[PDB]
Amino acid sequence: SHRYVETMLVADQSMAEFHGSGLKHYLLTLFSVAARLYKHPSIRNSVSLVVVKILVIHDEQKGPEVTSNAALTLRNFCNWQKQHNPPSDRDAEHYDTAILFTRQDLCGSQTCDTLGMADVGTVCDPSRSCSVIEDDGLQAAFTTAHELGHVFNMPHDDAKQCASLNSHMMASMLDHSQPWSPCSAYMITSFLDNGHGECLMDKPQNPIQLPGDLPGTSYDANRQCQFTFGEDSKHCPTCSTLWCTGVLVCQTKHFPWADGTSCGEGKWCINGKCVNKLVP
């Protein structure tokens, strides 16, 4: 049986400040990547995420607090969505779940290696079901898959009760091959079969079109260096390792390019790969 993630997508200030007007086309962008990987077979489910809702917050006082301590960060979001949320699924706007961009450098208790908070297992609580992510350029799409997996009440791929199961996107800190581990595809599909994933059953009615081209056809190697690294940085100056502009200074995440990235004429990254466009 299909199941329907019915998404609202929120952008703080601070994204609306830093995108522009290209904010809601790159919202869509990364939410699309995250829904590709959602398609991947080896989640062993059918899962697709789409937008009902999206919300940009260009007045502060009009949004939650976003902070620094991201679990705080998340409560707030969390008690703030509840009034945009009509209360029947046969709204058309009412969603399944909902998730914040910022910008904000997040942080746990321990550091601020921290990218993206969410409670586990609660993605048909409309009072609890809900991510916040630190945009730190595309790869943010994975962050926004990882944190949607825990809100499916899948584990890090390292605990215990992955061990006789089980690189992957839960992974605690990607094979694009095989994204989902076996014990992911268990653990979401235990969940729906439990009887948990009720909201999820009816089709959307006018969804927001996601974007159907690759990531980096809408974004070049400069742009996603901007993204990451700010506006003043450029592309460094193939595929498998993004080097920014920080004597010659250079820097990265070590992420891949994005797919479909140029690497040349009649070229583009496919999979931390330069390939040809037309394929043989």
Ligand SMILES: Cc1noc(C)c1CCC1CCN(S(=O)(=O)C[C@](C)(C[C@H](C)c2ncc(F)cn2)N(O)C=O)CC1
Second form
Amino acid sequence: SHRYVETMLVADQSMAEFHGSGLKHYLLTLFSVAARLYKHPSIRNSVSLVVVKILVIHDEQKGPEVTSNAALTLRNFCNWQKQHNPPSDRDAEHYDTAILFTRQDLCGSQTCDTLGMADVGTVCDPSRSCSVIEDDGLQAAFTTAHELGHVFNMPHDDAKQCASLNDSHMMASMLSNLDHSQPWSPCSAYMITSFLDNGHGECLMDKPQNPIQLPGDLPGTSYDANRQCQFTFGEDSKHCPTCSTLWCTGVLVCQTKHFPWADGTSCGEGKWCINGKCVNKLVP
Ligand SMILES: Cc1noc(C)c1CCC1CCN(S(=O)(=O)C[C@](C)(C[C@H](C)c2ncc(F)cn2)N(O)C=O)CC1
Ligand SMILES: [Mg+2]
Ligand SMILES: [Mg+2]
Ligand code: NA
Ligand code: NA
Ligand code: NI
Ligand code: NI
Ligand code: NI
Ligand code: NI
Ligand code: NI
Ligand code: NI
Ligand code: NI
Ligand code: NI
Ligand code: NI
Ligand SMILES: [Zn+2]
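With the form deposited without this ligand in hand, show me what the form solved in complex with this ligand looks like.
Time for the whole complex; same chain goes first.
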């Protein structure tokens, strides 16, 4: 049966300052891509990510302490989100999960290549059902879905428990090329299924009361290549000077993080990017 992941989205002061008025549309744009990934048939389940609440923190002290140490930020965030959840799921703004988004670059013990953070198997535990996402651009939509994967009991696809069943899927242990034709591995598929068959989706059974509408356009529609570049490299960056790799300014100096342009991104009159390819908007 149908599962509804009622979610609170939280943005820290770094996000408020960076994004200004456009902040809530941007989080919703992230979450809508993540919501799509969870509807892909390879998850082999019926999962609906819905937003019941959004908090923006304009003053550090009114939110959790966000530090570059990712494990500690997650823990800070988890503690802090408790107080803002209504007790019973009868309440409309009661959430099953909470996600923090920050511009601060998050770090492990060893490098600052951390992109997000969550514990495994926590989705209906109100005090552990959280994630922190570093916002380095639109690709943070896939970070959002990966970490939500942890929350749903998915291990990384190199875990020994995944040997029997399966680097190119959502739950890769490191950033690599996603297979957009099959986002979730057989392992991810099984580990979420097991979890729900074991009864751990219980708080996901109730439908949301007037959820915050997610954008139904493509992320490239709201955000053109210059915007995309700015989300990654700061407001002074523009598109370089197509689709497969987004290059951005920094002797013309240009830089990339190797991601394609967001789907729906204008690549000329009557054409737009779809899975790394520039194609006519009108399809046959
Ligand atoms: C962008 C993007 N575009 O497409 C995709 C796909 C992405 C996301 C790629 C993911 C790579 C791996 N991570 S990561 O590199 O930040 C490492 C780490 C913080 C390790 C921690 C220890 C850890 N936490 C929990 C565990 F269950 C295991 N281990 N992680 O896995 C966090 O979940 C996060 C992001
Ligand atoms: Mg509150
Ligand atoms: Mg795609
Ligand atoms: Na980081
Ligand atoms: Na970094
Ligand atoms: Ni503001
Ligand atoms: Ni909007
Ligand atoms: Ni601080
Ligand atoms: Ni595969
Ligand atoms: Ni619920
Ligand atoms: Ni400015
Ligand atoms: Ni400027
Ligand atoms: Ni351009
Ligand atoms: Ni590089
Ligand atoms: Zn992970």
